[PDB]
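Quick heads-up: it's one chain on its own, the form deposited without this ligand, in structure tokens.
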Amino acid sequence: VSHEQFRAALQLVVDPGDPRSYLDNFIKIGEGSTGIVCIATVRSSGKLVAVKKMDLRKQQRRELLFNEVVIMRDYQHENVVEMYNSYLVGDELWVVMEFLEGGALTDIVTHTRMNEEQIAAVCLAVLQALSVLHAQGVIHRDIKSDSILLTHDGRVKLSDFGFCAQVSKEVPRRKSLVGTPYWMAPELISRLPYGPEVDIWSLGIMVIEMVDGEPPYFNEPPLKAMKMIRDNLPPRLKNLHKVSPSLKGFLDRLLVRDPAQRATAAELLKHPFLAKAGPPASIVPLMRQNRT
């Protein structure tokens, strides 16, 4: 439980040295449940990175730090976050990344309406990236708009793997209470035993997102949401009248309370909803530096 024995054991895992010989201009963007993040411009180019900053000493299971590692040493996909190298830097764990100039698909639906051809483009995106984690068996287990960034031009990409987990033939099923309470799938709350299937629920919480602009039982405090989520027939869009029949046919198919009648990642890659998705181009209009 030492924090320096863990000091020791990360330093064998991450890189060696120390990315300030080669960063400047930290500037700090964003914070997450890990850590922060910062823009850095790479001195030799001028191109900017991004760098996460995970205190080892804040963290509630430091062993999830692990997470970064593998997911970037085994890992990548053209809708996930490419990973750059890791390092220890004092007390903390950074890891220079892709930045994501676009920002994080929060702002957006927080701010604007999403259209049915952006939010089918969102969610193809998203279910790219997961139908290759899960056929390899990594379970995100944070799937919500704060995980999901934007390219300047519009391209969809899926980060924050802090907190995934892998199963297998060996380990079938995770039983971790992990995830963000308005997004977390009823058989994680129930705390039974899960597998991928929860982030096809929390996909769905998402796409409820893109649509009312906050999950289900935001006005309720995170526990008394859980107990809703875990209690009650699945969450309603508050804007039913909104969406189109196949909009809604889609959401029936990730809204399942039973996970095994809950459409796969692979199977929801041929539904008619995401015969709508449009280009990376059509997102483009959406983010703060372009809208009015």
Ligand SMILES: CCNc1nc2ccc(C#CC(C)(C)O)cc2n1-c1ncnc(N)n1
Contents of the next structure:
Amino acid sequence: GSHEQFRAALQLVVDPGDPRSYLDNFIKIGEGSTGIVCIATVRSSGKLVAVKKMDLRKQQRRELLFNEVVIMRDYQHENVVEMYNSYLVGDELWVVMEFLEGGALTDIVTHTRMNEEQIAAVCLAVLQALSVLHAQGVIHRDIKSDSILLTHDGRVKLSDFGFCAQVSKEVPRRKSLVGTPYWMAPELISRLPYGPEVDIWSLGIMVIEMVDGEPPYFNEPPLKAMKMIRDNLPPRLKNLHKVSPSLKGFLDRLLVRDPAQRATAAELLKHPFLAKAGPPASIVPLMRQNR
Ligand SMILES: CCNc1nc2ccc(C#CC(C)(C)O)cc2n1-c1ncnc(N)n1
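Given the form deposited without this ligand, state the structure of the form solved in complex with this ligand.
Let us now look at the entire complex, which starts with that chain.
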């Protein structure tokens, strides 16, 4: 009944029907937290959408599938990927969403060197999303360059809420070992009760990606890296001398070991470093087709 129960539960939240009957010409474009992502054409209108597809039978933790469709149900923000609908297709949960044509930030940080104007623009956008998400008690729990998608004109959206979690008065903190190792907050690796603060640390690591091209310890096996994150001082930038005093001071508010001292998203929105933030157009030349 285990499988049948998850199906029936999903059936009670997803939209009715088989979306395959309304979509043409599927093209696989990626792989996320809990399933693959494809784009396709909405036949009636000619518009392109993306679809995340999560097989119930290939999950380590099936209850994660509730995250996008329960926690993130009809969530709307200029810096969050817009989801349209969800469906149950055989054993797969499908989430139909807008197509972000600029791809992911990962492709940018692995192939180019962002300037601080571009870095600030990305941070500002993510912090705006996080302040609102955190205000509602949602923790993303997998902030990294992979989770950042871009429009053609350089606007930035937070993506892949497959691992997100809800806190509340009754569940003030989460405890589960969730994330991507190199980006994990120290308190989360130490298996202490944690909150929204973990997203702030992870953003700090994403800043290190934007500067160094990869998170710290990236060439170590993941378990060793987590041990190193857990036990050592905050990671240093390899290219510290290429970073302005403003960027450093900003980053120093993020990579704080003690989560109680770590700046919050709302606090960070006031940081002087973000005044440097360029417009959406500044990001454009970094994209693959433009470089
Ligand atoms: C870089 C490949 N594209 C891609 N990978 C994804 C993984 C997870 C989610 C995701 C997710 C949710 C928001 C359902 O949690 C979305 C992904 N996308 C992508 N690419 C272009 N447009 C769109 N919309 N998505």
